Structure formats: structure tokens, C-alpha cells
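Student: Please work from the sequences and hints to get the whole structure.
This is what each chain is made of:
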Amino acid sequence: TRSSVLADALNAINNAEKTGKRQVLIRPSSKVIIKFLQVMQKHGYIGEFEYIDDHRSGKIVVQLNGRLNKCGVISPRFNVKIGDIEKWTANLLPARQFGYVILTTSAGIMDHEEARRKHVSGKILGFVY
Amino acid sequence: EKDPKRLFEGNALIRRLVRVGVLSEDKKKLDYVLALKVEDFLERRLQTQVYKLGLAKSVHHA
Amino acid sequence: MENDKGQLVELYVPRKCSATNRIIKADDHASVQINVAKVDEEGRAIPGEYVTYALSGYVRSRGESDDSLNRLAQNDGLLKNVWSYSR
Amino acid sequence: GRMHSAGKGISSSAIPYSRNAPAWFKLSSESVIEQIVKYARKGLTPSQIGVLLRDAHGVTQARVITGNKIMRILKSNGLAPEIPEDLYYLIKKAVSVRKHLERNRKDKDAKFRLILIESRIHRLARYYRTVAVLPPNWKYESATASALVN
Amino acid sequence: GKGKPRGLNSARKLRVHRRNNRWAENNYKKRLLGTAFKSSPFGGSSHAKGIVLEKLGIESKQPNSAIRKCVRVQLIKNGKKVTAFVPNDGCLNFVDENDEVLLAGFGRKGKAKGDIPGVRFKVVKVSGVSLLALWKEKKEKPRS
Amino acid sequence: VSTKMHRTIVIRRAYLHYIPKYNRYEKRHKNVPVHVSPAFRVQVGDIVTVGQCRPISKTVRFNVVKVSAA
RNA sequence: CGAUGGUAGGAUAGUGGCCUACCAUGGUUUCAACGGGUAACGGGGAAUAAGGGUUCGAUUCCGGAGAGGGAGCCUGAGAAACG
RNA sequence: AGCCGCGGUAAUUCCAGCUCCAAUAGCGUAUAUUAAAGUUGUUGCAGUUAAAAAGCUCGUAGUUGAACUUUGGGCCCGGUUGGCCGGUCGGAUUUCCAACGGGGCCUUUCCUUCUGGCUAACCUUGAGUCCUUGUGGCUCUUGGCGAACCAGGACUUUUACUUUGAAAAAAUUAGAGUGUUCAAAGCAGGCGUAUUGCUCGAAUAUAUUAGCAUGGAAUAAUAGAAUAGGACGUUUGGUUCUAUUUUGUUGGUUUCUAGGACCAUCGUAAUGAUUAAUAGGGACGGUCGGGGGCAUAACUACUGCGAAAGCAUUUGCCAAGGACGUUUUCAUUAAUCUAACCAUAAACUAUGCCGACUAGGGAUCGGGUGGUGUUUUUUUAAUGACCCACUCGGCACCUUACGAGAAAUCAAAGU
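Chains as they are written, first to last, in the deposited numbering: chain W, 2 to 130; chain J, 64 to 125; chain V, 1 to 87; chain N, 2 to 151; chain X, 2 to 145; chain L, 76 to 145.
By construction, these hints were calculated from the structure, which means they are not laboratory data.
Using N, Cα and C, we set each Cβ at its ideal position, and we do this for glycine too.
Keep in mind that the hints are not guaranteed to be accurate.
Just a few of them, taken from the derived set where beta-carbon distance is under 10 Å, the chain X residues facing chain L [what the hints assert, rightly or not]:
no., residue
1, 9
2, 11
3, 13
4, 15
5, 16
6, 89
Only pairs whose alpha carbons sit at most 16 Å apart, straight line, appear in this in silico EDC-like list of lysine to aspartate or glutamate [what the hints assert, rightly or not]:
no., chain 1, residue 1, chain 2, residue 2
7, X, 56, X, 26
8, W, 36, W, 112
9, L, 79, L, 121
10, W, 19, V, 4
11, W, 22, V, 67
12, X, 14, L, 101
13, W, 22, V, 4
14, N, 100, N, 31
15, J, 92, V, 67
A short list of chain L residues far from chain X (calculated; beta carbon distances all over 10 Å) [said to hold, decoys possible]:
no., residue
16, 79
17, 94
18, 99
19, 104
20, 113
21, 139
Tutor: Structure follows, in C-alpha cells:
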């Protein structure tokens, strides 16, 4: 039964952008859904979104541009050290100059360039390109 | 870049290839060694540098 | 794409679609491109001016083409009251 | 999706949005909190109370008109039953099939609908023991079938 | 969900299934049970010396047909016996007997639909002298 | 986890262990026996802290120094 | 016929069921105990290698054991020693 | 002649001559192991017809488990980078900008404190000090303090993970310097007057489990007040236990005093209980079915029920069960239920099974809500049947295919 909420909150997106739609409807929301979304929004991959609430756990309605190829989740959230980001990043990402893998790290959820110049590390969460 | 192992082990590898004369003196950048070729060492042997400098009439007279 | 010096070094930049922002390659042989005619104050047509729409290969095959015309055209004032957002 | 079955339907009540009283309520919390205890002395469950309260005196939810739930009100006034209500109903259902078995023996079928009903009681009993509303020597048995309620 | 567990504290099922059905790789089972001693005529060696019982002539039945010359032998470290092969004295003129010989194996696996039949060994030297040194005639068999 | 002797008890400890090829963890445990002074009153299920002394019995090298209940 | 703990002695360079008296009934286990195989001395290390890994380590350094097979002791600060 | 094979004369391979090819000190043959091998699969394989999903449901250990509880706003200092600026007998930058990371305070809001020294610092009775003359600070004197450091504390849920440190022998491995005549090596060497000399080296990296020191508070666990023996009080009554001190000193007594805990009731705080999963269980109301037990064909597909094997005459009993309906209620998720036969049905097989999402089409079976539509008639309102439209649940069927596949084919065998 329903085990991960984020894992099918990103399966609902690219399943309805392979068919070229413009908006999707997510259910339920989460504190870690929104911050995964807020890092695909300061880089341009999605548009804007709204949070319903209905007193249980809200839904979300997202607006998609044209620019996502794939966004995903990595399901045992393993434990990335600090010398081992660049082996995760040479395998998941299509080329060396774009795309991002994001991490839950002791100073917030962030992408993998942003974690380099703050000099932190944590557990993996997903990717986006 | 600006990583102190790149700057100490880079500027020594570059410095050794010029000191024997394989890298060109305007190609002192680290990406330029990745397109080096195999006869750029073959043209520095004594068998080749004595024939070019006018001492033997052929490469088998070297 | 452009080098250290600055010049573009592709072969040649390709055409984005206009309904779904995809990219239309050199073997998308159903990729329609459609012009309409501007109008004159007397009610005639200028022979040289256009408004251009580019539609991809696969918004047509599913059948979602004409609605994507009415959505696209009505933003440019060509029509009025034939398409509606809140369906 | 229905443990111990294979059906998949969905039909519950849908709780309305507002967390306040309707504007067509003209009573007090004190003039309604005592009808709960006025029917507890009649020996009723919470389950029969609320459906009787809703269909007759128009209280949509005691949860919102008074500050508490039903069982919290009943526990504060000492009218609370001993065994928790849902667990008791699986017991009473379990004897009625058991009493059928002293009169029937050629039913290979409803033998294997009793090991299902009994299986849901150990599931219920682990939870009630762990949260400690049952004392940690509560056990069910066929002898304790005909002992504690019967 | 792939039919294998993915979660984080799952390393014990994963490593105990892998050595469980690692016993179908055909030459890992040969190495741990150690069947090289208990069944092989050599015991795990490159070469082996034996002493020749007698000349044999063997033939190859379906599509091929000719006259393959082999030799019986009895190993010194073991006492068991095998049938070797001697290469291309196709002239039929090098029978030799009660001699000391050195065997080896073929780089073995084959096709015996022409029925080049079931031997597994060869001969690399005899009585202290190589075979090719006699065929190319660089030595001759030592005797007094 | 057991208080059935005279002036000794048995402590259970629990950890995890990392297997590098499979990138994951597995659970393990070890029991230790310690000594209990009669100043403390320890029933099963509690959680103690213990410190090390010179060899007391065949198999004993710790004894309790604090206690906190269940 | 000491297996796990308590009390008092004996013995040792010294702690300790190390041994002896009286008493208690314990301790290990599907998170694999106990038993069987090993053509098994352990590690630093070695061969192959995109990444992950598979297979070796009798053998120049450090640690243990042995002197045909078992047991016993003398001299000494130190040996259950094998020139 | 490794394996496809070439022989039945003269062969575009055996046996020899000639001429060519490959490595040059042959890697020629044998036996082990590694890559090739996504043919051991964590990264990373295989579901119908090719090897391969157990007869069927309940249920151990093991693995895995919904959402929620401090966000935001404002001010200010100080980092190096893109820079303007070059000003020049590449380095200053007068000096400003963009970002990128870091402090700091304030907003209803973080160490929780105590006693001592103790040092700087504000200040207290108050001037020294010297500058426009000062309770000015600086600092002198008494006195309030925060303020840096030692020492006693004083109490306070506990982990997992991650960051930086100390400590992981040399040899070997990655590697800096260095004309062994080059090289593999070695740790040497270089310079002057060579005439009694000075002089640079022998680096650096490689937590790689467990333990130790330290920074952070995301992710995922865990504890706390519900019969209040709850928390704060300088409400008041108590019961104890220590004597450090002073009655020089000593020992012999008890008076306070401080100093430990426990003992009633008297006061103030807004006194203290997360939602109600298109998760699960439990009631409740009208129904449905060749479901089962006791007693007393046709309808059978177009489709009905059951965990499976299976299940057909009416009548009545006994209990069980799905779905629907609802502004009821509780706060859940894994030890392996005549007989016996011989296989004489291509004897269709890599389906915790639960969960989310992704195109159409009409028929039928249950439950519910609608409607100026019909008609038995009570009447063209309604009971009543129909009819129409929606709706949640069922076994099936026909289309296409973006997709998937070795293909046949498939709304999952797709993502």
C-alpha cells in the first residue's frame, strides 16, 4: 500500500508531460514534496503551483512548461559521503554541464552544486533534468 | 580549479613536458596535453635529433 | 552553443513547436506550419503579412490540433468566444 | 481493500468542512451533554447514541458542538464499559457461530469462516494490550468465550 | 518491484540468497566440493608419467573414417589406467612398448559426430626424449 | 533481559553492521553479564549503564552504576 | 566427571571455578547456537581492473606454533628449552 | 589440426619444394584463475508461447509502513570573487558596484542556572589621571553589575547519519625533487681558488569497518501532564539530619544558626487530550446471490456466487458474506488447512500479491440519486412499472498504439 508519497508525486508529473499536458494534480501534499518542487522552480524546470487545503493533507496543482525530460526518486535514501557525490553524478545525469541531484542534508534540502560550496553532505533524495 | 592538488601536481607535469620539449611553449594549459600524440616523443630521440642537425645522411646512418 | 571566443558553433538551431514547446527535427514529416492573413481597414488582405503557427508531429496524431489552434489564435485576437479556459 | 476478502469498494460518510456549529442550532452545550448520559443509563454504546442523536435532535456531530468525543465524555462520568466496544462485538459474533457448531457437524465451510473471525481478534488484542487499555494478561479462549461476556 | 528487496536494513537476505543459488555456475561447484581429486585421473596436475601397456588402434565411425593410433598406459602415482594419443605417425610404424611416457591433455572439448572417439589425453615425450625431436629427427631413442 | 541469578543480571545490546558490496546494514546483538549491588533494585525491561572492573567471575567484568526505569 | 552464579579456604608473580567444600538452578539459540568439511597458520600485501567487483596470500617485515610422537622436570632474571 | 570441417586419384588445409605473413628472443603446447560475462545481475538479468510463480486461503521470526507541531519580516557588520579603476620610476586601488557564502541584533522566541574567585569593562561614595573645567571614561576609592578565565557545581530524554580533528609502523601503491652515459633502480647530489672550503635535500597524499574528540538539527526512530502523586511560588504548618564557625584551647552538654531531604493546605498561570487518509476495523438501514448445513432438464449465457476444488425441484429453519447508502464510532499494521489407481486431454511455465498514474467505445448485473418523459390507474401529479441521464462497484467483449515486444500479440505483457 501507499509507502512513499514523494515517489508517486513525481511519477504523476512526467507521466503527464510525456503526453504534453500543461498541468497536473497531486494528492497528498507533504513538507518534502514542496521543497523538492521549490528547487525545480528556482532553476526554471516548472512554472508555478498552488496548495489546496481540505483539512486532511492537501492537494497541489502544478504548471509545467516544456522543459522537463525526467524527474525521479531514489528509494532507499542511501548515505552519500562527501567524496562520493561525484560517483552518483556520473551515472544519473546525461551530461557534465547540466541537470541536478538533490540531497537531504543537515542544513536543508538542496541540490548538489549548492552543497559543494557550503561543504556539507547527507542522504540522497532524487534527481532532475 | 583553485584546488591545491591541481596546482601542485599540474604545474609540475606541464613543467616536465616542456623541459624536454614536447609541449609547445604557447600550449602551457592542462587541456592541451590531452591531445598529445605519439610521434611528439619520437622526434626527440637522439636517433632523430642527430639526423636533423646535419651529421648523418640518413636515419639509418644515425 | 558557443566556444570560448564567442561564436556559435552548431550547424543550425532548430524550430520549437508552439503548442507544447517540443523540438521539431529533420524527419518529423507531419510537422505542419500555418500562416494566416492580416486584414485591412477597408476589409481587404495585405498580400505580404502573416501570423505564423507551428504545430508538432504528435499534437496532430492524437487529434488535439484544432483545439490547440483555437487556444493559440484567440490569444492573438483572431477569434472571440469560441474557446474557454474553465472547461 | 478488505482484509480477509477480495473486495475493493469505498463508501463512507464524508465529513463536512466547517469545524464550527451550524447556524441552525439553538441550544447549549449543557443542554445536550446530558442527553448523552441520559441514554448511557439506558445502556447504549457510543455508536447507538450518535445516530440516535443525529436523526432526532439534529446534532450533526458531538465532536464539534461539545468540546470532546463521546467516549471521552463517558469516561469522565464513569459510565464507560469495561471491554472496548469493537472488541466485544467480535466476541459476540464469535459465539453465535460457535453455538451453531454444537448443532451442526457436516459443515466444512463455516468451520473455515470461524478461524477468520478469530484471527481478527488477536490482531485487535495485540494493539489494545500494547497501548495498555487491556491488562497484559488478557487472553481470549474457547473457555473464556463462555466466561467473560457469556 | 523487481521481486527482490530494496530497503536499507536488508543486507542479510541479499547476501544469503546469492551464495544459495551460486551453485548452478558449473565450475564453481567443481571448486568448492573439490571433485578434482576424487574423480580426475590426474588429481590436478599438468602432466603425468605412466608406463605403456600396449598398442591400440581406434577408428572414427560416422562421416569421417580413418585409422587413429592410440596407446594404453598406467600411471605411477595412481595405478589407474588411461588411453592416450600419439600424433601423426600416419605411416603406421612407431609401435613401442614397456616404455616410460609423459602425457598431457587436449585443450579439451570437441565434436565426435564423426566419432573421433572418447579419449582425453596425448603424449609429449617418451623415454627421456621429446616426440618432435624424433619426428623432425634431432635425436634418436636412447639405448645401449 | 534476565534477573534469575543471585546478584548478577544479563544485559542485551543492539547495533547494526554495514556490508559494503550491498551498501546496506544488518542487525546484530550481544549479551553481557554484569554484577548488581543490592543498593539498586532492577527488574526486567529497564535500561542501565555499567562500568568496567577487574575480573569478578569466569565471565564477568562490569557492574551497574546507574539505573533508569521502563 | 564445573556447566552459569553466591560464601569461605587452598594454590600462583598476581586477578579469576584455576582447584576443593557446602548451597542455589542457571547459562547459549532462526539476528543460525552446537556439530561436520577445509588439498585453512592470520595480517601488511598480490594479479586483473570505466565504475562496482572476482580470485590469491607456504614465501625477504611484524605476530603466533613446532623441533620423530605424547608426558615430566633441572639450572636460571627469564625455558615446561630439544646443536 | 581448439570448434564448422577438408579425405574417396589431379586436394585453392595431409606429405614435401618455392615464395609470402606474424611476432623476434617463440607466449609454441598443458593445467588453474581474471577480463570478455548484464552467462550471478547492489549498481544490473529472466514474467504467456523459449529453463523458470509453489493446489488454496488464515498466520512466525525477517523486511517495509499516510499527513501534521518556528515559519516569515526588518536592521547591521564583516569575507573573495565578476569588477570599474592603472594612477605604471603585472602590483598597488583612492573607490564603488553584481553575485556568492558568513556573522549580528529586534521582532510574544535559546544554554537552564549557581557560588566563588577572577580579569577587562559600565558604573556606585567620589576624586586621581590628564586632556575645554567633571561621579567624563581612562580608571582611584567604597559599591552595583554584565563582562573574559579557572574551580566547585547545578541540574538536564536517548540513538541512527553526516562535517572537521587527533591517533591507523616501515616496505610496497599514486606521487614531488634529482642526466644512474638513457632505462628498470637508487636516495642521492650541487658549487669555488680546489691551496686545509662553504651549501640544498631525504617532501606530500591514500578512515579503508570498530573506538575517541567536535560542528549541524534536514531525513527516520524514541520519551514527556488524563484517576493529574502535573509544573511554578520568597502560601504557610512540619519531620529530619550536618556542624563547618565562634564561648584561646581541650574534652563534657544545648542555644541558635546555616545547612539535607521528606510532610499537609494556600496561591497563578488562556492550566493540560494533532487531524479524521477517495488506509483499516466496528456498528446501522433497506436489498441481492445455482454460497453452506438440517428438514421436506430447457431458465444454464448474454451472464450469478464462493479462498480453492466447486455450486441447479419447491417450502421452512440455522448462521455466514460482498457491494451500495450515512453530517455514527475507535486512531489497527510476519508458525506456512468396488478400490488405490495406469497417464493411454502440446500434463498455457519468469502472476504479503497490495498501491499510484496513463486513450476510446458500446451491451449487460447489483445499489443509489435525479426527470415538465411514458403508460397499468388512483390520474397525462403519484403508488406502479417503464424510459432517459449521471453515479459508485462486478465477470466479460470490440477498437485503435503514443507505448512495449524476438514475434504472435498486450489497456497492461505500459510509465
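Student: Which hints from the list above does the structure break, by number from lowest to highest?
Tutor: 6, 7, 10, 13, 14, 15, 17, 18
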